[PDB]
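Just the one chain here, laid out as structure tokens, in the form deposited in one PDB entry.
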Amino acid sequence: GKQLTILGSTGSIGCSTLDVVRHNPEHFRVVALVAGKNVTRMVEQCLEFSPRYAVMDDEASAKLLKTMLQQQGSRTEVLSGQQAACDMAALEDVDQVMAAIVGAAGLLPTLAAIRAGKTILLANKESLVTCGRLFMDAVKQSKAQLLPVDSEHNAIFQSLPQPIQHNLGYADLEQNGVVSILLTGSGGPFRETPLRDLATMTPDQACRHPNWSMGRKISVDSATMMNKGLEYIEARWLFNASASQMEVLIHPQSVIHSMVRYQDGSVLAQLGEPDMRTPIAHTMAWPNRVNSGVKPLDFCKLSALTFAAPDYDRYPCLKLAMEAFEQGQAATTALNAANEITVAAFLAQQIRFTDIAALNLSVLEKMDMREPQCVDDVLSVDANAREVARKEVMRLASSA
């Protein structure tokens, strides 16, 4: 039995991982569940999986959870707050930690798992978007195993050779026959929109993916290719890839999830249904395999597969992400933070669709921060970048 901690058990990734546990009771035992405020979901999960521990970040949520579990005869011990959440990530008997908390709040619990030398099933975006140097340095020091859960990074990982898989972050691509990492993205709803029409796209239009049904913020990041820009940042950290070892391709059908190019001409790819239980089950069972509940991909029921090079005039956020990487973790943290603000402003109809890239750039230009040296420095860059972005939004929404 692999013993697990699930950080962010009540969200989308957490629920999908619990479905894999559900399919494989003989392979995985839930030791600890951690969430924020979803008491109702958390009760159900505690009843089904009988974790030794459950933690809620919010103290009033933990209190309610403590009492309901007692009445429903649950023996799970209820804890509260961030220290408790990091402790679950570092439990002696825990083998793997599903790192699936959203936002900067995912940082310290994910780091706790890394410092404890655990296998980390990495979902939280902020980990490598904002703390990529700090976290890869930390995994190298503890020899923690990272296994990326994100569909694209997981596809890359599966398409990579065994010496890289087992030394992830540290191994040399070149020495292992790898010439580049091919990161694929859908191109969003506006792949073919006349460029001059982008300024007038509405929130509803940007969120109407042709081939996806997801939350508004991630849907906008798909439309700007900010989503791929952030995954570019993560992949360079995760896979130890230089700028010339990265290729971003638009692949509108999203059937190929990403690819790896080798020295002999070979390209290895992972394909599948768009269901997160595939990459989650891959990371949970690695180096073996487990049923995930995902139906086999039917090749006779596909759109024709196509590819194209991103136009940075169409996707300036993609180019900003790549440029941000070269400026360091202060810049990537600032871009991620500014983008949360400007995307929310766009969705609230305070700015135009094209003002996301323009204001993201303006924030980066106005920032003057030193390379972060610890998580606390990153949190400070993030706070400051948000304030700079909010003030840019207000300037635009008010004045000139």
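Numbering follows the first chain given and starts at 1. Superpose the two forms; the largest set of C-alphas matching within 1.5 Å is the rigid core. First, how it differs from the form deposited in another entry.
- Residue showing a CA shift of 2 Å or more between these two forms (rigid core superposed; candidates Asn288, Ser242, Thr202, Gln162): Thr202.
- The Cα position of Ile341 differs by 2 Å or more between these two forms after fitting on the rigid core.
- After superposing the rigid core, the C-alpha of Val21 moves by less than 2 Å between these two forms.
- Annotation for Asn211: C-alpha shift of 2 angstroms or more between these two forms, rigid core superposed.
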Second form
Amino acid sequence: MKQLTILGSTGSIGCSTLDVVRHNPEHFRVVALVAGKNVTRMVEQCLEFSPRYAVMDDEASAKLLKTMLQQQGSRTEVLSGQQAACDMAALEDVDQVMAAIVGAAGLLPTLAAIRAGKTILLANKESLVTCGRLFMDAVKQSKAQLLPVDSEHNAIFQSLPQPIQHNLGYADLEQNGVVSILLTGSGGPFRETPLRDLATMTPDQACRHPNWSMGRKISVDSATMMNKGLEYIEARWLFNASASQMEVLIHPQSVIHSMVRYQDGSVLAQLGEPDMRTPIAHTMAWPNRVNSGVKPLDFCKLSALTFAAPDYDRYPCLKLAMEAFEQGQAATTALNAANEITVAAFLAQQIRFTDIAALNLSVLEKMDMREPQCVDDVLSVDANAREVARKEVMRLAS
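Could I see the form deposited in another entry next, after the form deposited in one PDB entry?
Just this one chain is shown here; partners and other molecules are left out.
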């Protein structure tokens, strides 16, 4: 049996993970849950799965949680704060850590799992994006295996040969017959919205994906295709791909999740319901398989599958991300940080949908700092870009 620390347990991916545990009680045990402020969701999960430990980011949420747990008589112990999360990620009995915190705040707990040599179920793209080569070196240095949970990188992983799967980020694509990695592709809810209407789209419209049901941050990123931008950066580290070994396609139907192009002309792809339980279950059971709760994809009830090149006038954030990778790690760390601040500002009705790409661009220009040489440098660049992004947001606020 394999035992779990879930980072970001109350989130969309966290809840999907627990649903896989739920369907496979004889294969998977949760030792620790880590979350932020959603106390009701966390109390549901603690009462259901009886984890050894539960961590909340702030102490007030931890107290509310503990009060309810000791009333019901739960054996689950409650802690709070970032260091507690890092300790939960490194517990001896833990085999796998689901890294599903949103944003760069997930970085330190994820790195702690990595240093403890844990199998990392990686669903926190912002951490690899913001940390890059330093993240990949921490993985190589330790006994840890990365297993991509994000739907796209998971599909790529499944469609890659074993020498790459077993040496992720360090193996040579070309020697293993890989020509390129095909990153798809939904296009968001406004793929067919007139360009000139984009600025009037509300947070609720942006968070309503036709196919996916995920968190608000990721839904907005899908709308701007910053999600694909972040995944483009991440895929380059995870799979050791150059710019010429990356293609980005829009696939509106979200059936194909991504693909790998080989030298003989073959393209290998993963398909399925747009449901995170599938890629999560893939990583948790790898190299075997388990039921994930997701039913068989019915090919006779599908929409016709299409593809299209991304239009950078529609999706300026994609351009920003792809070019940030070329500009280096400081620009990338700062882009991620800015986008966290501007997406939050959009969701809090402080700026418009199209202001995200505008202010992200502005922050990048105003950033003037050196390439990070360590994790502390990554965090200084992050914190600084957050400060500049907050100032820029105030630039377009009522």
